[PDB]
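Asks: Listed below are the residues making up each chain.
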Amino acid sequence: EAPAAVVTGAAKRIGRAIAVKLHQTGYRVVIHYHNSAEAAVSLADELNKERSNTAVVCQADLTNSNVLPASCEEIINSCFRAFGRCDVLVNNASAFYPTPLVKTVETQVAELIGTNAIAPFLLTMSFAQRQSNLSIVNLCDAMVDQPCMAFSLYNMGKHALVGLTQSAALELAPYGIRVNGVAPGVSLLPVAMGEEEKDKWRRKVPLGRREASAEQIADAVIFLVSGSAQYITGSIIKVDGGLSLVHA
Amino acid sequence: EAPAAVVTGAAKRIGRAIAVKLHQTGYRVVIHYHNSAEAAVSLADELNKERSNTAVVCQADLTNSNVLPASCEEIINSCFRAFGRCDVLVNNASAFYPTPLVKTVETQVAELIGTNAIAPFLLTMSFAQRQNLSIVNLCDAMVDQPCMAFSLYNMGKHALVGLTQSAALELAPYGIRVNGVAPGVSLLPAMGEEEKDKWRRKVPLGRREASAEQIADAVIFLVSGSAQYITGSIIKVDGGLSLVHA
Amino acid sequence: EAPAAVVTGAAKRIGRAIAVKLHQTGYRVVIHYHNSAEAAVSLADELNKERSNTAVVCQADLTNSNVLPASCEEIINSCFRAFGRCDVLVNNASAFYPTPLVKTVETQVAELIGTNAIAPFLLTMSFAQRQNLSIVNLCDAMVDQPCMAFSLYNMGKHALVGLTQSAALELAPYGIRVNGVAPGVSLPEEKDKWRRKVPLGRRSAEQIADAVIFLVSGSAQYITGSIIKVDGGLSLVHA
Amino acid sequence: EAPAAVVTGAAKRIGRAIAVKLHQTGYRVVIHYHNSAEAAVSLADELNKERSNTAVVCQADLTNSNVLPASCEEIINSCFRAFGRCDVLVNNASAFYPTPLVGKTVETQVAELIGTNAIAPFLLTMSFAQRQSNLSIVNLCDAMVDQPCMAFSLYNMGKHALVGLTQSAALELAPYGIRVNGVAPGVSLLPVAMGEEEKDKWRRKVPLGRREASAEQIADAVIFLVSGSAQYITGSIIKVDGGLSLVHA
Ligand SMILES: NC(=O)c1ccc[n+]([C@@H]2O[C@H](COP(=O)([O-])OP(=O)(O)OC[C@H]3O[C@@H](n4cnc5c(N)ncnc54)[C@H](OP(=O)(O)O)[C@@H]3O)[C@@H](O)[C@H]2O)c1
Ligand SMILES: NC(=O)c1ccc[n+]([C@@H]2O[C@H](COP(=O)([O-])OP(=O)(O)OC[C@H]3O[C@@H](n4cnc5c(N)ncnc54)[C@H](OP(=O)(O)O)[C@@H]3O)[C@@H](O)[C@H]2O)c1
Ligand SMILES: NC(=O)c1ccc[n+]([C@@H]2O[C@H](COP(=O)([O-])OP(=O)(O)OC[C@H]3O[C@@H](n4cnc5c(N)ncnc54)[C@H](OP(=O)(O)O)[C@@H]3O)[C@@H](O)[C@H]2O)c1
Ligand SMILES: NC(=O)c1ccc[n+]([C@@H]2O[C@H](COP(=O)([O-])OP(=O)(O)OC[C@H]3O[C@@H](n4cnc5c(N)ncnc54)[C@H](OP(=O)(O)O)[C@@H]3O)[C@@H](O)[C@H]2O)c1
Ligand SMILES: COc1ccc([C@@H]2CC(=O)c3c(O)cc(O)cc3O2)cc1O
Ligand SMILES: COc1ccc([C@@H]2CC(=O)c3c(O)cc(O)cc3O2)cc1O
Ligand SMILES: COc1ccc([C@@H]2CC(=O)c3c(O)cc(O)cc3O2)cc1O
Ligand SMILES: COc1ccc([C@@H]2CC(=O)c3c(O)cc(O)cc3O2)cc1O
Numbered sequence: 002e003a004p005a006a007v008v009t010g011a012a013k014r015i016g017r018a019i020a021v022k023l024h025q026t027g028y029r030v031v032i033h034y035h036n037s038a039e040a041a042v043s044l045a046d047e048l049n050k051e052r053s054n055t056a057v058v059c060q061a062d063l064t065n066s067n068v069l070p071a072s073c074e075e076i077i078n079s080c081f082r083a084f085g086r087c088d089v090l091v092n093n094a095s096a097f098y099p100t101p102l103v114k115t116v117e118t119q120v121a122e123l124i125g126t127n128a129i130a131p132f133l134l135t136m137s138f139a140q141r142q152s153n154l155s156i157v158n159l160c161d162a163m164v165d166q167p168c169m170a171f172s173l174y175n176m177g178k179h180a181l182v183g184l185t186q187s188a189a190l191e192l193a194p195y196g197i198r199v200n201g202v203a204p205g206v207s208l209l210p211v212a213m214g215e216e217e218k219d220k221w222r223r224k225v226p227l228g229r230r231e232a233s234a235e236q237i238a239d240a241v242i243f244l245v246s247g248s249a250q251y252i253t254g255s256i257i258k259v260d261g262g263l264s265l266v267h268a
Numbered sequence: 002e003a004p005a006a007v008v009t010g011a012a013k014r015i016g017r018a019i020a021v022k023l024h025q026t027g028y029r030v031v032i033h034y035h036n037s038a039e040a041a042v043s044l045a046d047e048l049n050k051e052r053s054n055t056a057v058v059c060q061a062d063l064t065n066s067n068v069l070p071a072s073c074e075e076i077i078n079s080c081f082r083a084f085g086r087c088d089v090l091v092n093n094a095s096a097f098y099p100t101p102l103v114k115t116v117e118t119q120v121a122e123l124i125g126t127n128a129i130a131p132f133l134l135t136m137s138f139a140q141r142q153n154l155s156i157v158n159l160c161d162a163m164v165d166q167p168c169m170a171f172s173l174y175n176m177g178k179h180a181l182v183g184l185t186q187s188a189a190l191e192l193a194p195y196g197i198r199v200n201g202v203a204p205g206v207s208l209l210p212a213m214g215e216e217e218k219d220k221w222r223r224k225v226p227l228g229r230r231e232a233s234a235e236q237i238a239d240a241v242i243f244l245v246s247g248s249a250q251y252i253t254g255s256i257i258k259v260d261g262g263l264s265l266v267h268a
Numbered sequence: 002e003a004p005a006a007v008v009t010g011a012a013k014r015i016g017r018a019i020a021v022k023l024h025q026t027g028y029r030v031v032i033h034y035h036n037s038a039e040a041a042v043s044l045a046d047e048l049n050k051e052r053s054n055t056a057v058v059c060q061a062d063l064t065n066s067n068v069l070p071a072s073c074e075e076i077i078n079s080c081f082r083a084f085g086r087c088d089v090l091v092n093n094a095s096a097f098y099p100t101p102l103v114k115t116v117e118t119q120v121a122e123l124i125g126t127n128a129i130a131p132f133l134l135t136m137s138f139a140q141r142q153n154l155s156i157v158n159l160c161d162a163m164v165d166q167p168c169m170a171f172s173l174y175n176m177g178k179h180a181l182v183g184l185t186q187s188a189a190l191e192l193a194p195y196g197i198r199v200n201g202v203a204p205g206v207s209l210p216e217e218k219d220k221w222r223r224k225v226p227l228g229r230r233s234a235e236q237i238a239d240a241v242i243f244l245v246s247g248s249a250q251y252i253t254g255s256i257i258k259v260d261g262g263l264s265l266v267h268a
Numbered sequence: 002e003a004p005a006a007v008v009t010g011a012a013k014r015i016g017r018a019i020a021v022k023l024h025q026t027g028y029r030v031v032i033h034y035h036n037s038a039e040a041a042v043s044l045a046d047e048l049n050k051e052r053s054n055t056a057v058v059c060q061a062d063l064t065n066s067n068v069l070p071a072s073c074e075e076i077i078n079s080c081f082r083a084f085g086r087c088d089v090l091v092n093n094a095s096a097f098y099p100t101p102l103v113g114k115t116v117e118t119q120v121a122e123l124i125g126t127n128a129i130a131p132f133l134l135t136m137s138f139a140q141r142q152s153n154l155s156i157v158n159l160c161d162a163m164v165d166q167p168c169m170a171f172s173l174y175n176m177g178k179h180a181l182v183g184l185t186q187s188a189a190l191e192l193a194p195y196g197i198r199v200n201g202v203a204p205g206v207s208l209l210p211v212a213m214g215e216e217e218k219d220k221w222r223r224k225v226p227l228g229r230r231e232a233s234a235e236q237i238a239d240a241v242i243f244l245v246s247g248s249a250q251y252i253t254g255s256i257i258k259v260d261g262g263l264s265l266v267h268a
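So the protein lines, in turn, are chains D, B, C and A. Numbered by the authors' numbering, the letters in the first sequence go through residues 2 to 103, 114 to 142, 152 to 268 in order. Numbered by the authors' numbering, the letters in the second sequence go through residues 2 to 103, 114 to 142, 153 to 210, 212 to 268 in order. Numbered by the authors' numbering, the letters in the third sequence go through residues 2 to 103, 114 to 142, 153 to 207, 209 to 210, 216 to 230, 233 to 268 in order. Numbered by the authors' numbering, the letters in the fourth sequence go through residues 2 to 103, 113 to 142, 152 to 268 in order.
To be clear, the hints were calculated from the coordinates, so they are not data collected in a lab. Here a beta-carbon is modelled for each residue, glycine too, at the ideal position from N, C-alpha and C. Mixed in with the good hints there might be a few duds.
Coverage of chain D stretches by chain C, computed from C-beta distances (three or more under 8 angstroms per stretch; other residues unrestricted) [stated by the list, open to error]:
1. 222–234
2. 258–264
Simulated crosslink set (DSSO-like; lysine-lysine; CA at most 30 angstroms straight-line) [to be verified]:
3. B/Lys218 to C/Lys224
4. B/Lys224 to C/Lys50
5. A/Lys114 to D/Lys220
6. A/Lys22 to D/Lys220
7. B/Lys22 to A/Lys22
8. D/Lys224 to A/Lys218
9. B/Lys224 to C/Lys218
10. C/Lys220 to B/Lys218
11. C/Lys114 to A/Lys22
12. D/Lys224 to A/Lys220
13. C/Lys218 to B/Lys220
14. A/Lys220 to D/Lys220
15. B/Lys218 to C/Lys114
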């Protein structure tokens, strides 16, 4: 029987490359999405064309609310409904936008802390309660201690995510569930960003003056789920080309 | 005129010691409280006995909800309305209890993440919007070696580190410094003495917990003129506890 | 055709396991040793039987002295002599013993700082001067929670972190990646008490080597300045 | 009696501000120096005219060698000879210069950069503890230790080791009541020979005020860690850099 994996925010960009490589490695995949229905269904088709009955989609909004836990429970239940098991959780979905200290503020809190941290915690709980090489990989941020100006809520959410990574590694280790992270520095840059600003960020990177490809982020995820990382838990692998080492 | 400070969860234990020492240094104080009205008021009366009209109380729940922004805005506003200014914010209030991965879960989230992180964020934003100005957040020296089954608490304290760092950077252009004090084991909970002694015995420096006053002293330093170039720093005050391997 | 790797302290335990796995991935290897000549040779023999002229040995003391730079330069030179190239440097050799604050002390400095930090710096220098290129330093997952009375060893592994980060920055323009692997308790009733603290299964060399193999691979081409803990969660356990 | 402190590299700049501030708080001080004999004596003179028999000087080269342990033992012994006690050690002396990976011999660069920044602190810590109240040790660390300057690998290594020593010695000396902490500047007094334009490049990076720390600001954090207001603090490193370490590339 092939193992199965949930990848959140898997319709595009890094989550898609993660889903692809997991599927190329032998996994069946739940492709979670919020608004990108076309791209999600289109990816599941591409994957099912390669091996039938190996990909489903699952829509959920990952904003914090009093029904977020039932949404998270549903994401994990969909893996067990499609495949009869759930071996890997990848917490990849993320909101990312400025929240200057000087959308209502309670929506910003619900989006940036819900998606980046609370949803991973609830997915983790549902993943653990429903339970072999079981593991969780959280998508962290290499720059979490050198934050972007005016991104306090985002940064808080990614700090919380490190805390979860550690806390869940400790508490879940006696059930055989490993919990780790992968921390991009700059990888695929925002759709909305202009070409001058992208090159400003690209020239800061010591290793090659370029962003990480999505595939490079995925390769680290593939490592942490593999049999070659079976003692690794509570570790966060930076994949940023040295960017976090560069002083102001 | 005397400067003014808000201290959250100031009725008892560490927040009380903080409020007292700020008052001793010449601060006027807003004593924020949630359920401990009697202790908050008894503190404000003692402080006002030392110096008239120097202490007020402000009740608010710091649990995350759609009224939290208005509550935090009101706490800052109460310092301005009482004293004409707000020089210092101490984010001390904290919920602390286990949340095993294996009250509803969304209440746990609102309490643990609200008090420890979202309320500090909202307070920080209101403090800055309304302007030796500084903020001090009460962090946790053990944030990278967390207690088993305290995932939400740990996430809240991690978020608080992120706030400390993010606000320090963003508020440095306004002359507002943002720092933290990270206790290890300080005043312990009704916890049996035999259980207290198991924690005390792990502390290299003296085999004892920090007093509240010892934590307050680091807060006093960070708000002082002796720390005018210090921002984005977190001072551990654990007796070496975080250095001790399993 | 085939890439080549230098592994220090490669005769036994973790370094052997690293050398074996690199060789199994298609590397030619320099097996460095200090006192374990028989074990280095026996390893080289097992590897060369698998594929002829793919494994050589190099003796060198990695204690800091006036001669250490020459020794380090020759380790790298042996890789170039045997194989025509040097793609990977694994700094694995390490001295480990207590040095209470309360052998002369300067000999302790020379071994614990020399082997753990200065020889890695000289090796890294020689390696870069001679040029998928990468260096992997064997770090410590417990560097922040150090063993009681191990101050010099602890200084040496801290220094190795600083080297990892500094060399990642400075060599990145040359396409040389620099990373680390930090084991927890991979041992030299005391043994069983350490085993018992580990979250993940209360318990190999190969597990360390697996992480090294990842960091040298084409799957880590954007990773530099990263230290991968391989500790079963031990570094997360409070006192 | 008044307490006594040793401050290494105390003739000028931050070490001088630290000795001065400790002297202003009531300490008697050992002013260690290497080459700056004139500045050392001139400082001890001013302190002694403020209060007689309260400042001495002590010459030592802190480069690693087979005599370094004896030089470190002698520094500590100077304080006990002059003042009958030694309450505080401040490890402030530091060599600082590039050692590119791709003149001095390499073994001399190792001996100076690792010796002054890490080995001499370890040996001084050992002598301080063996020769033994609010006893403490403060190490001058570097706030930028994880975002290092390009081509400064041996300096960076030395400062990482010093973080290790701060932690290990805090752990091991706690049972004896000796606290060990650090203070970590970002950009404080710029190098004498750095030109103004270059200095201003560094200043402009600092979020809090776009200026370097004064030597006195660094010294304030030292004074705090040695005071009775830091009695439960050991193994902590306080950054004094105006936010510099938080600023991304
Ligand atoms: N790209 C980088 O440079 C970089 C740097 C550091 C860290 N990271 C982290 O690495 C991971 C992947 O990066 P990325 O650029 O691929 O992320 P991304 O494109 O910004 O977002 C990933 C997905 O998250 C989903 N999402 C956003 N808000 C959501 C909500 N309320 N509910 C559910 N899903 C929501 C979106 O799905 P739909 O499109 O279906 O709505 C989105 O496609 C993220 O966690 C990110 O923070 C990325
Ligand atoms: N004691 C320790 O060993 C230790 C260790 C690490 C970190 N810390 C941190 O140091 C700080 C002070 O510690 P402590 O032990 O003195 O704290 P505490 O006694 O646990 O709590 C401080 C105060 O927080 C307030 N609080 C709790 N939930 C609240 C809510 N929903 N809304 C508003 N206020 C709420 C309470 O106010 P009322 O009583 O008025 O309801 C309480 O008196 C905290 O941030 C704590 O996390 C302490
Ligand atoms: N085992 C663990 O649990 C653990 C934990 C933390 C970190 N690590 C690190 O992981 C790496 C490998 O660990 P390990 O237990 O396999 O190491 P180990 O067996 O203690 O030592 C590794 C090698 O270092 C060499 N060595 C020692 N002193 C030397 C000197 N003065 N000159 C030259 N070589 C010298 C030895 O060579 P000869 O036998 O040829 O003389 C030996 O083969 C080390 O860097 C270690 O510090 C290991
Ligand atoms: N300045 C900054 O921006 C900054 C930034 C980060 C960290 N720090 C740290 O803060 C501390 C003070 O900085 P600073 O700028 O005041 O230091 P500094 O002036 O560069 O050096 C301080 C003293 O160290 C002594 N020294 C150098 N090599 C020596 C040797 N081989 N033996 C004995 N002593 C030696 C010198 O004494 P003589 O003059 O008597 O020869 C020198 O006066 C240092 O540890 C430094 O690394 C400073
Ligand atoms: C200096 O710190 C940072 C730099 C760039 C980023 C990138 C920048 C970025 O491209 C990005 C994105 O497209 C999506 C996302 O969810 C998060 C992203 O973060 C994050 C940082 O914390
Ligand atoms: C993982 O190590 C830890 C040990 C003790 C504690 C103490 C234990 C403690 O007494 C305590 C408290 O009473 C209130 C509070 O808000 C936080 C508290 O934390 C926290 C840790 O994170
Ligand atoms: C509490 O911190 C630690 C505990 C054990 C270790 C292990 C203990 C260990 O088994 C070991 C070894 O066999 C060889 C070596 O070079 C280093 C070793 O370190 C390291 C620590 O930093
Ligand atoms: C990016 O990192 C750094 C930037 C500036 C510095 C300063 C720059 C500096 O002025 C300086 C000095 O004058 C003496 C000394 O011993 C160390 C010094 O370091 C250090 C860093 O590690």
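Asks: Regarding the pair A/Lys22 and D/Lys220, is the alpha-carbon distance no greater than 30 angstroms?
Replies: violated (44 angstroms)
Asks: Checking one constraint from the list: CA of B/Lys22 to CA of A/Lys22, max 30 angstroms. Satisfied?
Replies: holds (24 angstroms)
Asks: Does the structure keep C/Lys218 and B/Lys220 at a Cα separation of 30 angstroms or less?
Replies: It holds: about 24 angstroms lies between the C-alpha atoms, which stays within 30 angstroms.
Asks: Would you check the hint for A/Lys114 and D/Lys220, treating anything up to 30 angstroms between C-alpha atoms as holding?
Replies: violated (38 angstroms)
Asks: Are the Cα atoms of D/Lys224 and A/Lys220 separated by 30 angstroms or less?
Replies: Roughly 17 angstroms between the alpha carbons, so the hint for D/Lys224 and A/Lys220 holds.
Asks: Holds or violated: B/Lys224 and C/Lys50, Cα atoms, limit 30 angstroms.
Replies: Violated. B/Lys224 to C/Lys50 sits at ~54 angstroms, over the 30 angstroms cutoff.
Asks: For the pair we were handed, C/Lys114 and A/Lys22, check the Cα-Cα distance against 30 angstroms.
Replies: violated (40 angstroms)
Asks: Check whether the Cα positions of B/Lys218 and C/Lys224 lie no farther apart than 30 angstroms.
Replies: Holds: B/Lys218 and C/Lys224 sit about 22 angstroms apart, inside 30 angstroms.
Asks: For the region 222–234 of chain D, do at least 3 residues have a Cβ located nearer than 8 angstroms to some Cβ of chain C?
Replies: holds (count 5)
Asks: Tell me if the straight-line CA distance from D/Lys224 to A/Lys218 falls inside 30 angstroms.
Replies: holds (22 angstroms)
Asks: Closer than 8 angstroms, Cβ to Cβ, for at least three residues: run that test on the region 258–264 of chain D against chain C and report holds or violated.
Replies: holds (count 6)
Asks: Could you grab the alpha-carbon distance between A/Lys220 and D/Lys220 and see if it respects the 30 angstroms cut-off?
Replies: holds (19 angstroms)
Of the hints listed earlier, those the structure fails to meet are numbers 4, 5, 6, 11 and 15, in rising order.
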